[PDB]
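A.B. asks: Take a look at the letters that make up each chain.
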Amino acid sequence: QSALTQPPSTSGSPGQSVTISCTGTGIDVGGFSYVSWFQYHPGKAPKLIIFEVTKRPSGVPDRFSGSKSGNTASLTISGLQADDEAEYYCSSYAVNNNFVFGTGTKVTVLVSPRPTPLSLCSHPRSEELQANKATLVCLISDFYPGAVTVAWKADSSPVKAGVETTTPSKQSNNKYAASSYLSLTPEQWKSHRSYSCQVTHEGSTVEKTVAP
Amino acid sequence: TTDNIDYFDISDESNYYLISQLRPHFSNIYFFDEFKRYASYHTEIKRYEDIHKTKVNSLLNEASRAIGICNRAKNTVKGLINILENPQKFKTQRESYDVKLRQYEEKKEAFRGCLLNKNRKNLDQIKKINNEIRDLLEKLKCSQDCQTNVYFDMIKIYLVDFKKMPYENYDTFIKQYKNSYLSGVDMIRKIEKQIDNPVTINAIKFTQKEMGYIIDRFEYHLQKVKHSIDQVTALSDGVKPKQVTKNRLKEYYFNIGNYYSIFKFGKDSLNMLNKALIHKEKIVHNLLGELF
Amino acid sequence: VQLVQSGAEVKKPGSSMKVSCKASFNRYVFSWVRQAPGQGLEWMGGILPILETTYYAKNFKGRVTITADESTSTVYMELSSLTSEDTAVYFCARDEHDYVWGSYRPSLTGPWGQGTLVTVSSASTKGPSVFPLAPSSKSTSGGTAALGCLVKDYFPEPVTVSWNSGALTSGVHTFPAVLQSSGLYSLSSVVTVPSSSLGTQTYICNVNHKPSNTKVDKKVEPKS
Numbered sequence: 006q007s008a009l010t011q012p013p014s015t016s017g018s019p020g021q022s023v024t025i026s027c028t029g030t031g032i033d034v035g036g037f038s039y040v041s042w043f044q045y046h047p048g049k050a051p052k053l054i055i056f057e058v059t060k061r062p063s064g065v066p067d068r069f070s071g072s073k074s075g076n077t078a079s080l081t082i083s084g085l086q087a088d089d090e091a092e093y094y095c096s097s098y099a100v101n102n103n104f105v106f107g108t109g110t111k112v113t114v115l116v117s118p119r120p121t122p123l124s125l126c127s128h129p130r131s132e133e134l135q136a137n138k139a140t141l142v143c144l145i146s147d148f149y150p151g152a153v154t155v156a157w158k159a160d161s162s163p164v165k166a167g168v169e170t171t172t173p174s175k176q177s178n179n180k181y182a183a184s185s186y187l188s189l190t191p192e193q194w195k196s197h198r199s200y201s202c203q204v205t206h207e208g209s210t211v212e213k214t215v216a217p
Numbered sequence: 171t172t173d174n175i176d177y178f179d180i181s182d183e184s185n186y187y188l189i190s191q192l193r194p195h196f197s198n199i200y201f202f203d204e205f206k207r208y209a210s211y212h213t214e215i216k217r218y219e220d221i222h223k224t225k226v227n228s229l230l231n232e233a234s235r236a237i238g239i240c241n242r243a244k245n246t247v248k249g250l251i252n253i254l255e256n257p258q259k260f261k262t263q264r265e266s267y268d269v270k271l272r273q274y275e276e277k278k279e280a281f282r283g284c285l286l287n288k289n290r291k292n293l294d295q296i297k298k299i300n301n302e303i304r305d306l307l308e309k310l311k312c313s314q315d316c317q318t319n320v321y322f323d324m325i326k327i328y329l330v331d332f333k334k335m336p337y338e339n340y341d342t343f344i345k346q347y348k349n350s351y352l353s354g355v356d357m358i359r360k361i362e363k364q365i366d367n368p369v370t371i372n373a374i375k376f377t378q379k380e381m382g383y384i385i386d387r388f389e390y391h392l393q394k395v396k397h398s399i400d401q402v403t404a405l406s407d408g409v410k411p412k413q414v415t416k417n418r419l420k421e422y423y424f425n426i427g428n429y430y431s432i433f434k435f436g437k438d439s440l441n442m443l444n445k446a447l448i449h450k451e452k453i454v455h456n457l458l459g460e461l462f
Numbered sequence: 007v008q009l010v011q012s013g014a015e016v017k018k019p020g021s022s023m024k025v026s027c028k029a030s034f035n036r037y038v039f040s041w042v043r044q045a046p047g048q049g050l051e052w053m054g055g056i057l058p059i060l061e062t063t064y065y066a067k068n069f070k071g072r073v074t075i076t077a078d079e080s081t082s083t084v085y086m087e088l089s090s091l092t093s094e095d096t097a098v099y100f101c102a103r104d105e106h107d108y109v110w111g112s113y114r115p116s117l118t119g120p121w122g123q124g125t126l127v128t129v130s131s132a133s134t135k136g137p138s139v140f141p142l143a144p145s146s147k148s149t150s151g152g153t154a155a156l157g158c159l160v161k162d163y164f165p166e167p168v169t170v171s172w173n174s175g176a177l178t179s180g181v182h183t184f185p186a187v188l189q190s191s192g193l194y195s196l197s198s199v200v201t202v203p204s205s206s207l208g209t210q211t212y213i214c215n216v217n218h219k220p221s222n223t224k225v226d227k228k229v230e231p232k233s
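Residue numbers (the deposited numbering), protein chains in the order written: chain F, 6 to 217; chain D, 171 to 462; chain E, 7 to 30, 34 to 233.
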């Protein structure tokens with residue numbers, strides 16, 4: 006039937022607990038005792054964490070424990086660790102050989118510092134301006150959490166055309182990275198005094214500036 | 171050569187209710203019979219003869235009256251199965267196998283839909299009694315401090331009623347069947363190219379096409395009974411609150427009754443799906459021996 | 007046991023794509042689950058080759074077809090009428106037990122495939138236009154100035170960027186690509202080198218885009 010319900014975000018401190026839910030109907034969750042859970046790392050294959058509502062597979066640590074009561078199944082991860090930070094899906098068998106998943110619950114670990122992003126802005130090069138194109142390369146790195154908002158100001162005037170910003174990406178040192186670009190024309194480049202790249206992160210905005 | 175086709179059930183488009191050829195046809199009627207025992211306790215809703223005599227019996231009679239309108243369709247498919255699953259009776263007439271195969275699918279779906287279309291108003295009455303049970307349960311003097319003693323006095327009874335059903339025997343019987351059924355599929359698929367027996371092999375294929383459908387239906391209630399057995403067992407060991415809200419108790423009564431009615435609904439079907447499975451396998455044991 | 011799927015595929019919109027899933034006794038059911046970017050897992054359908062029954066989710070009515078070959082134990086999933094929303098990572102997941110896992114089939118508590126990514130895009134194969142981002146001597150950021158290369162307009166992903174033929178590793182930071190509205194990709198790679206070496210040491214970024222058979226080496230020099 007309809008996709009199962011899961012909260013998009015759940016938090017928990019290391020050494021404590023966290024509880025996520027899985028709401029369904031009487032034809033998928035509330036119908037059968039076959040409700041499974043899955044820990045998902047992006048890029049790789051999921052891993053079965055819970056089978057038959059409460060049976061644990063081989064190798065799964067004993068702190069993972071699921072349950073259900075009527076129409077809402079719930080999984081509880083006790084003693085959180087750095088490896089537990091992933092997306093957690095729930096699933097259930099349905100009538101007529103149907104199988105439905107959940108919306109996924111992003112689990113986060115509160116055991117980490119929160120550095121502010123370090124922005125590096127690069128002005129257009131002489132080779133790019135000679136091809137009737139202009140791209141301002143604004144680069145963001147070393148920020149936790151991975152949630153930044155980029156704003157561009159063309160000579161103290163907010164510019165919205167030609168802006169392309171990537172989604173955050175976790176780095177090798179467990180921090181996140183992002184980048185933004187501003188497509189312009191050589192006339193617009195040689196017209197203003199200077200451009201800026203404002204990046205707001207956790208209420209604090211860091212801005213860089215380039216000029217011809 | 172089967173003499174009964176009561177294993178055929180149909181589900182509505184909403185997939186909430188289930189209609190079966192065996193009485194009381196609906197899973198919710200068993201829940202209505204159990205709700206009379208719930209109302210037999212509380213005095214503020216002790217007037218239970220009105221629900222039993224008027225709504226429930228007329229619903230059970232209107233359900234039994236509805237299936238009688240599909241009797242011609244039931245007797246039509248019963249004749250087509252006995253002819254198709256027996257090559258000696260199929261070869262008496264000269265209709266081709268592929269034509270009889272297409273007629274079986276159309277004549278059977280018309281009989282299944284006859285059980286659903288002739289009970290659309292009965293399904294609308296099923297909702298009328300569920301809202302009637304909720305509107306009647308409002309008459310309790312309790313509100314936020316409702317006692318659950320009768321709720322847990324019932325669970326003790328439901329655990330005893332579950333012990334009479336042999337789940338382990340049904341679990342071993344179905345696995346015994348699916349192994350002898352799948353092994354027969356590999357045997358036919360290995361000799362169909364080396365054996366020149368079209369009228370018999372195709373009839374053996376027609377029997378296996380039904381057997382897989384019965385296992386799909388026999389396992390459904392088995393999953394639902396496992397739900398009724400596992401959920402109620404956790405209620406006797408989980409939290410035992412002495413006081414809940416009036417709306418939470420309405421969710422307490424409609425929960426165990428939905429589990430027990432489904433349990434008693436699965437116990438009746440599996441008792442029939444047992445003989446329905448064995449009969450189809452007795453034919454294969456004789457259709458295979460006739461093949462060799 | 008283990009499952010092995012085919013490599014990454016890049017198909018044009020409207021075309022037909024098939025994905026394989028080779029397995030190491035094929036009585037189990039074989040499902041197919043994807044995840045669109047920023048979306049959740051979605052079951053598509055299964056197939057019981059012993060009974061020759063094929064299941065399909067309601068959201069996929071006729072667009073997905075599942076075939077199975079007993080000779081090689083390979084289950085195939087073919088998706089017709091490909092749109093830009095079908096770009097996802099497609100998995101194949103078998104059941105835990107064979108027909109005897111109670112009655113939970115299609116259960117997906119069995120082994121999974123390694124994963125196959127499918128990129129549906131209308132853009133054509135194009136080589137990148139690399140531009141050298143000169144190190145800004147005005148902002149040395151404490152003596153460790155930064156230079157880099159701009160990989161603009163390339164398709165498809167990915168591109169491998171190296172500096173000094175891999176000899177220079179400290180300070181290198183290649184940022185993930187951006188997807189422009191024109192369907193083309195763009196990224197950058199920046200190194201952090203001391204400013205004293207900006208006037209004597211040569212720095213050459215090496216961008217390799219194998220799908221287009223293109224490789225560009227740009228000489229990043231100070232502004233002059």
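You may find that some hints are simply not true.
What the hints assert, rightly or not - In silico DSBU-like pairs for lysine-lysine, Cα to Cα no more than 35 angstroms straight-line:
| hint | chain 1 | residue 1 | chain 2 | residue 2 |
| --- | --- | --- | --- | --- |
| 1 | E | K17 | F | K180 |
| 2 | F | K111 | E | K227 |
| 3 | D | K216 | D | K291 |
| 4 | E | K227 | F | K195 |
| 5 | D | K379 | D | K248 |
| 6 | E | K70 | D | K278 |
| 7 | E | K227 | D | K348 |
What the hints assert, rightly or not - To give an idea of the chain F side of the interface with chain E (calculated C-beta under 8 angstroms), a few residues:
| hint | residue |
| --- | --- |
| 8 | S41 |
| 9 | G107 |
| 10 | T140 |
| 11 | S162 |
| 12 | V164 |
| 13 | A166 |
To be verified - Residues from chain D that keep clear of chain E, each with C-beta distances beyond 10 angstroms, as calculated:
| hint | residue |
| --- | --- |
| 14 | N241 |
| 15 | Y267 |
| 16 | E302 |
| 17 | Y321 |
| 18 | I327 |
| 19 | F343 |
| 20 | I344 |
| 21 | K345 |
| 22 | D356 |
| 23 | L392 |
| 24 | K396 |
Don't read these hints as lab results, they were simulated from the structure. Cβ coordinates follow ideal geometry from the N, Cα and C atoms, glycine included.
A.B. asks: Each hint: holds or not?
C.D. replies: Hint-by-hint comparison with the structure:
no., hint, in the structure
1, E:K17 to F:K180, "33 angstroms, holds"
2, F:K111 to E:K227, "41 angstroms, violated"
3, D:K216 to D:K291, "28 angstroms, holds"
4, E:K227 to F:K195, "25 angstroms, holds"
5, D:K379 to D:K248, "15 angstroms, holds"
6, E:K70 to D:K278, "24 angstroms, holds"
7, E:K227 to D:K348, "67 angstroms, violated"
8, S41, "6 angstroms, holds"
9, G107, "7 angstroms, holds"
10, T140, "6 angstroms, holds"
11, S162, "22 angstroms, violated"
12, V164, "16 angstroms, violated"
13, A166, "11 angstroms, violated"
14, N241, "31 angstroms, holds"
15, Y267, "18 angstroms, holds"
16, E302, "33 angstroms, holds"
17, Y321, "29 angstroms, holds"
18, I327, "26 angstroms, holds"
19, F343, "13 angstroms, holds"
20, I344, "8 angstroms, violated"
21, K345, "6 angstroms, violated"
22, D356, "8 angstroms, violated"
23, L392, "6 angstroms, violated"
24, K396, "7 angstroms, violated"
In this structure, the hints that do not hold are numbers 2, 7, 11, 12, 13, 20, 21, 22, 23 and 24, in rising order.
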